[PDB]
Structures are given as structure tokens and as C-alpha cells.
Amino acid sequence: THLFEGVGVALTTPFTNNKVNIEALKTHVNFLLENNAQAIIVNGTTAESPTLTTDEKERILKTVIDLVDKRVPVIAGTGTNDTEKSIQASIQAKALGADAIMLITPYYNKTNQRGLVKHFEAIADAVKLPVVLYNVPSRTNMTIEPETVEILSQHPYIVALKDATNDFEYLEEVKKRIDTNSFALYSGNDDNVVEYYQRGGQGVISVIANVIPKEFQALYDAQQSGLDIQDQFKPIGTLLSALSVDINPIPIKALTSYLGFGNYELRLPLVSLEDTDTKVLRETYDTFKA
Amino acid sequence: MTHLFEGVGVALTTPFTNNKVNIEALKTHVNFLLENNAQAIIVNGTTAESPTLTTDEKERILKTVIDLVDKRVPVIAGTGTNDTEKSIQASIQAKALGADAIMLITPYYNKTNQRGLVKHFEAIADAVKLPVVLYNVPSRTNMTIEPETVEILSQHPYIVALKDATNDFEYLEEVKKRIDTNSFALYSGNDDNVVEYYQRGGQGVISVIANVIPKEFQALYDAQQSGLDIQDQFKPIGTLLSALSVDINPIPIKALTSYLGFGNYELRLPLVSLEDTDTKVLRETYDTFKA
Numbered sequence: 002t003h004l005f006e007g008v009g010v011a012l013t014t015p016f017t018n019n020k021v022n023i024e025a026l027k028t029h030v031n032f033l034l035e036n037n038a039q040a041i042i043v044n045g046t047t048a049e050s051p052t053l054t055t056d057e058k059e060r061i062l063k064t065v066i067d068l069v070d071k072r073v074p075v076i077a078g079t080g081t082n083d084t085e086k087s088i089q090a091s092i093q094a095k096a097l098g099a100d101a102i103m104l105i106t107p108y109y110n111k112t113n114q115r116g117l118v119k120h121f122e123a124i125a126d127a128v129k130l131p132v133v134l135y136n137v138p139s140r141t142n143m144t145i146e147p148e149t150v151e152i153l154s155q156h157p158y159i160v161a162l163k164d165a166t167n168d169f170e171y172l173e174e175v176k177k178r179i180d181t182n183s184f185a186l187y188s189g190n191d192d193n194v195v196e197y198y199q200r201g202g203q204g205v206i207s208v209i210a211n212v213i214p215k216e217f218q219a220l221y222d223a224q225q226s227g228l229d230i231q232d233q234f235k236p237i238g239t240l241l242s243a244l245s246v247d248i249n250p251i252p253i254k255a256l257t258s259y260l261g262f263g264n265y266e267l268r269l270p271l272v273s274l275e276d277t278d279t280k281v282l283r284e285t286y287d288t289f290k291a
Numbered sequence: 001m002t003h004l005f006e007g008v009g010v011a012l013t014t015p016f017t018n019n020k021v022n023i024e025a026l027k028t029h030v031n032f033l034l035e036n037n038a039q040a041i042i043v044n045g046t047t048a049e050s051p052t053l054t055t056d057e058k059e060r061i062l063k064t065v066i067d068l069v070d071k072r073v074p075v076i077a078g079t080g081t082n083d084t085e086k087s088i089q090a091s092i093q094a095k096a097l098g099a100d101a102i103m104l105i106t107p108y109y110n111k112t113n114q115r116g117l118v119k120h121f122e123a124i125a126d127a128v129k130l131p132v133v134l135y136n137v138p139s140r141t142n143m144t145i146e147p148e149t150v151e152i153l154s155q156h157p158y159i160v161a162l163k164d165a166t167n168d169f170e171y172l173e174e175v176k177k178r179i180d181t182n183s184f185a186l187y188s189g190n191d192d193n194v195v196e197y198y199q200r201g202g203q204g205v206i207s208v209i210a211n212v213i214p215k216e217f218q219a220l221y222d223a224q225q226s227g228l229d230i231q232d233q234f235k236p237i238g239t240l241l242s243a244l245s246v247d248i249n250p251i252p253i254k255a256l257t258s259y260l261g262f263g264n265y266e267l268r269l270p271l272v273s274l275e276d277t278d279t280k281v282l283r284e285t286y287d288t289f290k291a
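Sequence lines, in order, name chains A and B.
The first sequence lines up with residues 2 to 291 when you count with PDB author numbering.
The second sequence lines up with residues 1 to 291 when you count with PDB author numbering.
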């Protein structure tokens with residue numbers, strides 16, 4: 002009934018001399034599927050969607066869809082801070098074959114809670130496809146209030162929340178206003194997953210699972226089977242700490258490129274880490290693997 | 001002798017009528033502004049609801065304000081986004097249309113570090129070769145231009161001012177310590193801090209409320225330049241500004257631009273208008289001020 006449970010990956014965009022590299026894109030997705038990724042979130046923040054052209058987003062999304070071939074859900078990031086364009090982009094994602102769309106709250110312009118509902122509901126009504134809300138106040142400086150999540154969760158087509166508030170008071174206020182049989186809560190912050198899972202989350206939409214999908218999903222599966230993951234998490238948390246050297250996806254792409262998925266490139270206004278930080282992060286990764 | 005303007009620049013609202021830009025209402029509004037001593041027109045900023053305008057609408061509107069204004073004050077085109085390549089291309093098109101300057105917000109949503117923030121602004125300024133107003137609004141972007149970073153950017157021949165919407169006076173003083181205000185202008189991006197901003201040596205304000213009270217708001221700046229205290233004189237305006245804080249800009253200011261006949265009271269989703277009574281309470285607060 003939920004789109005997925007466990008680890009979905011906020012897929013990075015592989016660039017090669019500033020161009021989307023479709024062959025690397027396919028290799029990365031294959032690597033994700035072979036390593037137990039439960040879902041692919043395409044053109045999210047981690048994909049640098051703000052600097053992707055529309056053509057790029059569509060070429061990437063169609064590629065992911067045709068390659069995945071329904072083996073896991075393909076969730077297209079289509080929401081912006083403009084309702085009309087979010088509607089257009091969601092409709093194209095539907096037509097290309099996406100299984101769901103992800104919609105962030107507005108940002109920069111922002112809105113009030115009543116506007117927020119109008120915005121999400123307008124997109125959901127127009128697309129008629131499963132929608133994953135995305136709340137990340139550290140990027141948007143607004144939130145989807147718990148009462149607002151309740152109103153929205155009653156939309157037939159709004160099925161989940163990517164919750165990147167890192168606020169467990171908020172998590173508990175949301176829990177008591179939704180039915181998790183029909184409305185899934187996904188962490189949007191890799192390092193809160195131990196507690197996020199303990200408190201009954203349905204999984205995570207993950208940045209680090211770009212490079213360690215198997216281990217990160219295995220951690221979910223252990224929790225779900227009735228095992229304690231508090232200590233088992235630590236070696237991943239060690240890598241997560243090194244990943245926090247800069248704003249995502251600046252650090253994760255040092256690691257995706259290291260594994261062969263595109264060059265280590267970010268599109269402006271983002272920039273790659275400097276050499277020292279890049280080698281430190283890559284070493285940390287090799288130590289995790291060892 | 002070299003700033004683009006001093007005093008009150010207006011962050012012009014977009015006039016809508018059945019969700020179409022009203023070109024006649026727009027011309028009328030600009031004329032009203034110019035007639036009432038506005039010192040600059042900032043086109044397609046946050047207040048203009050730029051996240052929801054088509055590229056076509058922005059260009060039509062910009063060219064309309066440019067041709068009307070006819071070089072009487074600077075037309076400052078908001079062209080900056082969180083995509084550097086798109087910011088460059090929109091800025092080049094604004095220069096072709098005859099803009100006197102461009103305004104560039106920091107990235108937002110993606111954000112960036114201070115290093116990439118310098119690359120972003122510098123690449124735009126390098127590409128367009130037109131005067132640049134940086135625009136720092138942490139309550140909308142969740143990032144900032146550090147005082148040291150403003151220092152660095154001020155050294156670019158084309159980067160000439162900052163619209164500072166931090167509302168942080170420690171920040172102001174840190175920036176003043178690093179820039180020369182004779183060559184690098186500091187404009188408040190927050191209407192309600194102007195008494196202190198002007199008092200602390202600011203060059204002016206890029207204003208929301210001056211959409212409707214350009215005359216009074218410019219006269220407040222003039223009063224203080226002539227050596228008068230405006231602390232008490234500002235309070236009637238502050239009262240109007242308390243009413244305006246009822247919601248996120250430009251949701252309230254558009255209740256008033258329509259009330260003066262500059263388009264209908266319409267906002268493009270994800271924004272919505274105030275409901276009817278908050279619309280009236282706000283319009284009466286304005287008439288009281290005018291009275």
C-alpha cells in the first residue's frame with residue numbers, strides 16, 4: 002500500500018564536462034537496484050534540480066523510468082515555488098511514466114498554511130498521481146504544520162511526507178493526526194534514522210544511499226526484524242559526519258564520482274569541495290568500506 | 001557622486017487582472033511612483049511576485065517600465081535566481097532591454113557556501129557588465145552574504161550596492177567596517193528599520209510600503225538628511241507597517257495597490273490574498289494614515 006518502505010535514494014545527477022552523462026546515470030541506477038534500493042527519487046535537491054534545465058530533467062527522468070522498468074517506484078521531484086509550473090512539470094512526469102511525484106513546500110516566496118494547502122491540492126487534483134510532500138525548513142524557512150499535514154493526508158492522492166525537520170516533537174504531532182496505514186512518514190535526514198525508525202517511520206529518502214544503498218537498507222531491515230541498530234549505525238554515522246563538511250550535494254558527489262558515476266562536478270552556484278576535503282571524505286568512505 | 005540613487009527605491013508590485021499582467025495599471029502605477037518622488041524602480045523583485053511570473057511576463061513588464069520611466073530614475077531589474085546560468089541569461093536580456101542595473105538575490109533552496117557565492121555573483125557581474133545590487137534576505141534564503149564576502153564582492157567594478165534585508169545591526173556595522181559607503185551603497189531591504197538604518201549611515205531603502213506611500217516615505221528619508229529627527233515622525237508609518245505584517249509580503253501590500261486601482265487584488269498561487277476583513281482592516285489603516 003505505501004509506495005515503498007525502507008530506503009529510497011535521492012539520486013545525484015552525474016555530470017561530465019557539465020553535461021548529463023546518461024551512461025553513468027544508468028550504471029548508477031543499476032548499482033542502486035542491485036544493492037536493494039527500495040525506490041529512486043529523481044530530480045530532488047540531491048540531483049541539483051534547481052540548476053537542471055527542463056530538457057535535462059525530462060531526459061534523466063525518462064531514462065530512470067525506462068531502465069527501472071517497474072522494479073521499484075520512480076518518484077519524480079516536480080514541485081517548485083510556482084504552482085502552475087509545478088502542475089505542468091507533474092503532468093509531464095506522469096506522462097513519462099513516473100509512479101509518483103515529490104513536491105517541496107514553496108521557498109523564497111513562501112506562503113501561509115492556507116496557501117500551502119491550496120498549492121499542494123491544486124497539484125494533486127491536476128496530476129492524479131501519488132504525491133509525496135517534502136518538508137525541509139532548513140532550506141525553505143517554512144514548514145507544513147502538523148494540522149496542515151492532517152488536512153493534506155486526507156487527499157486521496159497525497160500519500161506521504163518526506164520529513165526533513167529533524168524534530169521528533171513534530172514527528173509525534175504528525176503521527177497522531179494521520180493513519181500510517183495509508184500515509185507514510187519518510188525521514189529526509191540520514192542521521193536521524195535510528196530514532197526515526199524506532200518511532201515508527203516507514204523508511205528514508207536518503208543522500209548517503211547513493212553510495213552505500215546495501216548497508217543503509219540492511220540497517221532498516223534489521224530494525225524492522227526486531228534488532229537493535231543503535232550501535233550498528235555508528236560506522237555509518239561516522240561517514241555521515243564527514244559528509245556534513247558542506248551543503249548537500251556538494252559532499253556526496255565527491256563519493257558518487259569516486260565510484261565512477263560522472264566527474265566530480267557541481268553546477269554553479271554550488272562548487273565542489275577543495276582537494277583536501279575531497280580526499281578526506283573519500284578516505285573516510287574507504288575506511289567505512291574496509 | 002556615483003550611487004545609482006539615494007532615498008527610497010520601490011520594489012514594484014505586479015498588477016494582475018484576471019491573472020494577466022495589467023499593462024495600463026502598470027504604467028499608471030509607475031507614473032504615480034515617479035510623480036511622488038520615488039528614486040528608483042526595482043522591477044520583478046520578491047514583491048513583484050517574480051517566482052510566479054513567466055519569462056515573457058517579466059520581459060514585457062521590464063520593457064514597459066524602462067520605456068515609460070525614460071531614464072528619469074534608475075530601473076533596476078531583479079534577474080537573479082538560484083541557477084547561475086539562468087541568472088546570467090536573464091541579466092543579459094535585462095541589459096538588452098535597457099535596464100540601468102540588475103538585482104541579484106543569493107541562491108536559496110540549493111543555497112551555497114561563501115566561496116561558491118562569490119563565483120555565482122562574479123560570473124553574473126562578469127557576464128552582464130552592468131551595475132549590480134546584491135540582495136541578502138536570510139528569512140527567505142536561509143543563507144547570508146558574510147561581511148567578509150561583501151568586502152570581496154565590493155571590489156568587483158560592477159558590484160555596487162547591497163540591499164540588506166538582514167535587520168541585523170551588528171551585521172550592518174560589520175559590513176560598514178569592510179566597505180566604503182561612498183562607493184558601495186547600503187540600502188535597507190526592511191521598511192520598519194529605516195530610522196535606525198538611515199541614522200547608521202545607510203544610502204536609502206528598497207521599499208515595500210512605498211508602492212503605496214512613495215511621497216511620505218521619501219519625505220522621511222529627506223527629513224533626516226536635512227538634520228531632522230524622524231524617530232517620532234516614523235511612528236504613524238510604523239503603525240501602517242504593523243498592519244502590513246499580517247502576512248508574508250506581497251500578500252498584504254497587494255491589498256493596498258489594488259485599493260489605489262493598480263490592478264485587482266490577486267496573488268498567484270502559492271500565495272493567496274488576505275481574506276475580506278483583514279483586507280478591509282488593512283485598507284482602513286492606510287486611510288487613517290492618509291487622513
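It cannot be assumed that every hint is accurate.
[Unchecked claim] When the alpha-carbon atoms are kept at most 25 Å apart in a straight line, the in silico BS3-like pairs for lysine-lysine are as follows:
1. B/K215 to B/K235
2. B/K119 to A/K20
3. A/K280 to B/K215
4. B/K235 to A/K119
Simulated from the structure, these hints should not be mistaken for laboratory data.
A quick look at each hint next to the structure:
no.: 1; hint: B/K215 to B/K235; result: holds (16 Å)
no.: 2; hint: B/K119 to A/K20; result: holds (20 Å)
no.: 3; hint: A/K280 to B/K215; result: violated (59 Å)
no.: 4; hint: B/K235 to A/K119; result: violated (36 Å)
This entry does not satisfy hints 3 and 4, going by the numbered hints stated previously.
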